[PDB]
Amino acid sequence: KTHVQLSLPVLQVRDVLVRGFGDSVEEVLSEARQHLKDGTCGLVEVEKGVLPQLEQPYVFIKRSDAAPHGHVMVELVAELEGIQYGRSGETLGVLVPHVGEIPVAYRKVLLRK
(Lines of atoms letter the chains of each structure in order from A and count residues from 1; the text may use other names and numbers.)
(Lines give C-alpha, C1' and ligand atoms only; values in the text may rest on other atoms or scores of the structure.)
Protein backbone atom coordinates (compact mmCIF):
# COMPACT_ATOMS: atom_id res chain seq x y z
CA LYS A 1 0.00 0.00 0.00
CA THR A 2 1.20 3.60 -0.74
CA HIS A 3 -0.11 4.71 2.71
CA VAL A 4 -0.37 2.99 6.11
CA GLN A 5 -2.54 3.99 9.10
CA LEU A 6 -0.31 4.29 12.19
CA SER A 7 -0.93 5.46 15.78
CA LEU A 8 2.36 7.07 16.99
CA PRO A 9 3.12 7.42 20.69
CA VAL A 10 3.81 11.09 21.58
CA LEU A 11 6.86 11.30 23.90
CA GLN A 12 8.09 14.08 26.20
CA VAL A 13 11.55 15.20 24.94
CA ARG A 14 13.17 14.67 28.40
CA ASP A 15 12.02 11.03 28.47
CA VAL A 16 13.53 10.09 25.10
CA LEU A 17 16.37 7.60 25.54
CA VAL A 18 17.57 7.38 21.88
CA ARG A 19 17.50 10.94 20.57
CA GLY A 20 17.81 10.29 16.80
CA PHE A 21 17.97 7.65 14.08
CA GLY A 22 21.61 7.94 12.91
CA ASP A 23 24.34 10.05 11.41
CA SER A 24 23.31 10.97 7.81
CA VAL A 25 20.15 12.24 6.13
CA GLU A 26 19.83 8.98 4.15
CA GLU A 27 20.34 6.81 7.30
CA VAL A 28 17.83 8.70 9.46
CA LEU A 29 15.10 8.53 6.75
CA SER A 30 15.85 4.78 6.25
CA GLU A 31 15.78 4.00 10.01
CA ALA A 32 12.67 6.18 10.60
CA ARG A 33 10.79 4.24 7.87
CA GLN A 34 12.01 0.90 9.30
CA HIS A 35 10.91 1.86 12.90
CA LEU A 36 7.53 3.12 11.53
CA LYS A 37 6.97 -0.31 9.82
CA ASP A 38 8.10 -2.21 13.06
CA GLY A 39 5.89 -0.12 15.43
CA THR A 40 8.98 1.19 17.29
CA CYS A 41 8.76 4.91 16.32
CA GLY A 42 7.75 7.77 18.63
CA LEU A 43 6.82 11.39 17.96
CA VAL A 44 7.97 14.52 19.87
CA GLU A 45 5.92 17.69 19.42
CA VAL A 46 8.23 20.57 18.42
CA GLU A 47 8.25 23.60 20.75
CA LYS A 48 10.91 26.08 21.96
CA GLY A 49 13.90 24.12 23.33
CA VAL A 50 12.96 20.68 21.91
CA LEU A 51 15.22 20.33 18.80
CA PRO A 52 18.46 21.32 20.64
CA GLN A 53 17.77 18.38 23.05
CA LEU A 54 17.62 15.91 20.09
CA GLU A 55 20.33 14.69 17.69
CA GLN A 56 20.71 15.84 14.06
CA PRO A 57 19.98 14.85 11.40
CA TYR A 58 16.28 15.27 12.41
CA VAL A 59 13.34 13.39 10.78
CA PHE A 60 10.05 15.36 10.74
CA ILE A 61 6.56 14.21 9.90
CA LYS A 62 4.91 16.95 7.81
CA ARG A 63 1.25 17.25 6.65
CA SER A 64 1.13 16.17 2.93
CA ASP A 65 -2.51 17.25 2.27
CA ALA A 66 -5.78 18.67 3.85
CA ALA A 67 -7.58 13.48 6.95
CA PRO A 68 -9.04 10.00 6.20
CA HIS A 69 -10.54 8.00 9.18
CA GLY A 70 -9.08 10.63 11.63
CA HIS A 71 -5.52 9.94 10.23
CA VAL A 72 -3.65 13.07 8.95
CA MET A 73 -1.68 12.23 5.76
CA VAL A 74 2.02 12.83 6.44
CA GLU A 75 5.39 12.41 4.79
CA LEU A 76 8.98 12.34 6.06
CA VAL A 77 11.40 15.32 5.67
CA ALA A 78 14.98 15.20 7.13
CA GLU A 79 16.97 18.23 8.31
CA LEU A 80 20.77 18.65 8.74
CA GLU A 81 22.56 21.98 9.51
CA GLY A 82 19.48 23.97 8.48
CA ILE A 83 18.89 22.23 5.09
CA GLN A 84 15.75 20.06 4.52
CA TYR A 85 15.58 17.01 2.22
CA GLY A 86 11.99 16.90 1.12
CA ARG A 87 9.33 19.59 0.69
CA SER A 88 6.00 19.27 2.60
CA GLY A 89 3.42 20.95 4.88
CA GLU A 90 3.23 21.84 8.59
CA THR A 91 5.41 19.83 11.06
CA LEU A 92 3.35 17.41 13.28
CA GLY A 93 6.55 16.52 15.19
CA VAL A 94 10.03 15.05 15.15
CA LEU A 95 10.38 11.23 14.99
CA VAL A 96 12.61 9.29 17.42
CA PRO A 97 13.08 5.61 18.21
CA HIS A 98 10.59 4.32 20.77
CA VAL A 99 12.20 1.98 23.33
CA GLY A 100 9.36 1.76 25.92
CA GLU A 101 8.98 5.39 27.07
CA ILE A 102 5.45 6.12 28.37
CA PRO A 103 3.59 8.40 25.94
CA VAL A 104 1.38 11.41 26.82
CA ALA A 105 -0.91 10.90 23.77
CA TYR A 106 -1.17 9.14 20.38
CA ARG A 107 -1.10 10.86 16.98
CA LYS A 108 -3.06 8.99 14.24
CA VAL A 109 -1.35 9.46 10.83
CA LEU A 110 -1.60 8.05 7.31
CA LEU A 111 2.08 7.66 6.36
CA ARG A 112 3.06 8.01 2.70
CA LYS A 113 5.29 4.84 2.51
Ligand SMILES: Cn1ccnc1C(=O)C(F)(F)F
The other form holds:
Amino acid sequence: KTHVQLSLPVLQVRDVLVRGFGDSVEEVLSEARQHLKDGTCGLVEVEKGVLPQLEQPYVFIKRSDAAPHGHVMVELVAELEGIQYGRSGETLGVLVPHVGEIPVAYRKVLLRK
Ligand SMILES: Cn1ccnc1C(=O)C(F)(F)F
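Let's see the other form, the form solved in complex with the named molecule, since the form solved without the named molecule is already up.
All chains and molecules follow, beginning with the one already shown.
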Protein backbone atom coordinates (compact mmCIF):
# COMPACT_ATOMS: atom_id res chain seq x y z
CA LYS A 1 0.00 0.00 0.00
CA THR A 2 1.20 3.58 -0.86
CA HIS A 3 -0.25 4.76 2.53
CA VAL A 4 -0.29 3.13 6.01
CA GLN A 5 -2.73 4.13 8.82
CA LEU A 6 -0.68 4.78 12.00
CA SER A 7 -1.48 6.03 15.54
CA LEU A 8 1.72 7.77 16.78
CA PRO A 9 2.27 8.17 20.54
CA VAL A 10 2.83 11.87 21.35
CA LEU A 11 5.78 12.17 23.81
CA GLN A 12 6.86 15.09 26.04
CA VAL A 13 10.30 16.32 24.82
CA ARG A 14 11.85 15.96 28.37
CA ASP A 15 10.83 12.24 28.48
CA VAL A 16 12.50 11.33 25.18
CA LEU A 17 15.47 9.00 25.76
CA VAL A 18 16.71 8.76 22.14
CA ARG A 19 16.57 12.26 20.72
CA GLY A 20 17.02 11.49 16.99
CA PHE A 21 17.37 8.77 14.37
CA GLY A 22 21.03 9.22 13.31
CA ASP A 23 23.67 11.37 11.79
CA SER A 24 22.75 12.12 8.14
CA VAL A 25 19.58 13.24 6.33
CA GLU A 26 19.47 9.91 4.45
CA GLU A 27 19.98 7.83 7.67
CA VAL A 28 17.31 9.70 9.72
CA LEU A 29 14.69 9.38 6.92
CA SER A 30 15.60 5.63 6.57
CA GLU A 31 15.48 5.02 10.37
CA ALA A 32 12.23 7.04 10.79
CA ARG A 33 10.49 4.97 8.02
CA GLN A 34 11.76 1.69 9.60
CA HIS A 35 10.47 2.78 13.09
CA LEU A 36 7.13 3.91 11.53
CA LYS A 37 6.80 0.41 9.91
CA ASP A 38 7.84 -1.37 13.22
CA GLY A 39 5.51 0.70 15.52
CA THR A 40 8.54 2.02 17.49
CA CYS A 41 8.18 5.73 16.41
CA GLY A 42 6.99 8.61 18.65
CA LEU A 43 5.95 12.17 17.81
CA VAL A 44 6.96 15.35 19.65
CA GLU A 45 4.79 18.45 19.03
CA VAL A 46 6.97 21.41 17.97
CA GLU A 47 6.81 24.49 20.24
CA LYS A 48 9.31 27.15 21.47
CA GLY A 49 12.34 25.37 22.97
CA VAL A 50 11.57 21.83 21.66
CA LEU A 51 13.94 21.49 18.65
CA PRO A 52 17.11 22.65 20.50
CA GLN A 53 16.41 19.77 22.99
CA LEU A 54 16.48 17.21 20.10
CA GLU A 55 19.29 16.03 17.82
CA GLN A 56 19.72 17.10 14.16
CA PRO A 57 19.10 16.01 11.54
CA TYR A 58 15.34 16.31 12.41
CA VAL A 59 12.59 14.20 10.75
CA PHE A 60 9.24 16.09 10.51
CA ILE A 61 5.79 14.79 9.62
CA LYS A 62 4.08 17.42 7.49
CA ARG A 63 0.41 17.52 6.29
CA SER A 64 0.37 16.40 2.57
CA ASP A 65 -3.41 17.00 1.97
CA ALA A 66 -6.49 18.97 3.35
CA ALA A 67 -8.23 13.03 6.39
CA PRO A 68 -9.52 9.47 5.78
CA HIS A 69 -10.96 7.61 8.86
CA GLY A 70 -9.69 10.52 11.12
CA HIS A 71 -6.07 10.03 9.84
CA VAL A 72 -4.31 13.20 8.54
CA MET A 73 -2.33 12.45 5.36
CA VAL A 74 1.39 13.18 6.05
CA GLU A 75 4.86 12.74 4.51
CA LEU A 76 8.43 12.88 5.93
CA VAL A 77 10.71 15.98 5.53
CA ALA A 78 14.24 15.99 7.08
CA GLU A 79 16.07 19.14 8.22
CA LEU A 80 19.86 19.73 8.82
CA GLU A 81 21.47 23.18 9.53
CA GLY A 82 18.31 24.95 8.26
CA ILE A 83 17.95 23.04 4.94
CA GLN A 84 14.89 20.78 4.37
CA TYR A 85 14.88 17.68 2.16
CA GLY A 86 11.34 17.48 0.91
CA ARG A 87 8.60 20.02 0.51
CA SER A 88 5.22 19.65 2.24
CA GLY A 89 2.54 21.26 4.44
CA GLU A 90 2.24 22.28 8.12
CA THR A 91 4.40 20.37 10.69
CA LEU A 92 2.37 17.98 12.91
CA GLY A 93 5.62 17.30 14.87
CA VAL A 94 9.14 15.83 14.94
CA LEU A 95 9.60 12.02 14.93
CA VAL A 96 11.85 10.26 17.48
CA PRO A 97 12.41 6.65 18.46
CA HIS A 98 9.88 5.31 20.99
CA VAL A 99 11.59 3.12 23.62
CA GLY A 100 8.67 2.87 26.13
CA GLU A 101 8.10 6.50 27.15
CA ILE A 102 4.49 7.10 28.35
CA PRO A 103 2.58 9.23 25.77
CA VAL A 104 0.24 12.16 26.54
CA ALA A 105 -1.90 11.49 23.42
CA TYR A 106 -2.06 9.77 20.01
CA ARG A 107 -1.90 11.41 16.57
CA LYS A 108 -3.72 9.45 13.79
CA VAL A 109 -1.85 9.82 10.47
CA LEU A 110 -2.01 8.22 6.99
CA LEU A 111 1.72 8.01 6.08
CA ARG A 112 2.74 8.22 2.38
CA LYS A 113 5.13 5.18 2.30
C1 LIG B 1 7.40 -0.13 3.51
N2 LIG B 1 6.41 0.10 4.58
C3 LIG B 1 5.45 -0.85 5.01
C4 LIG B 1 4.69 -0.24 6.04
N5 LIG B 1 5.16 1.06 6.24
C6 LIG B 1 6.21 1.29 5.34
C7 LIG B 1 7.02 2.60 5.22
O8 LIG B 1 8.01 2.84 4.54
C9 LIG B 1 6.59 3.83 6.04
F10 LIG B 1 6.46 4.94 5.27
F11 LIG B 1 5.42 3.65 6.67
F12 LIG B 1 7.49 4.19 6.99
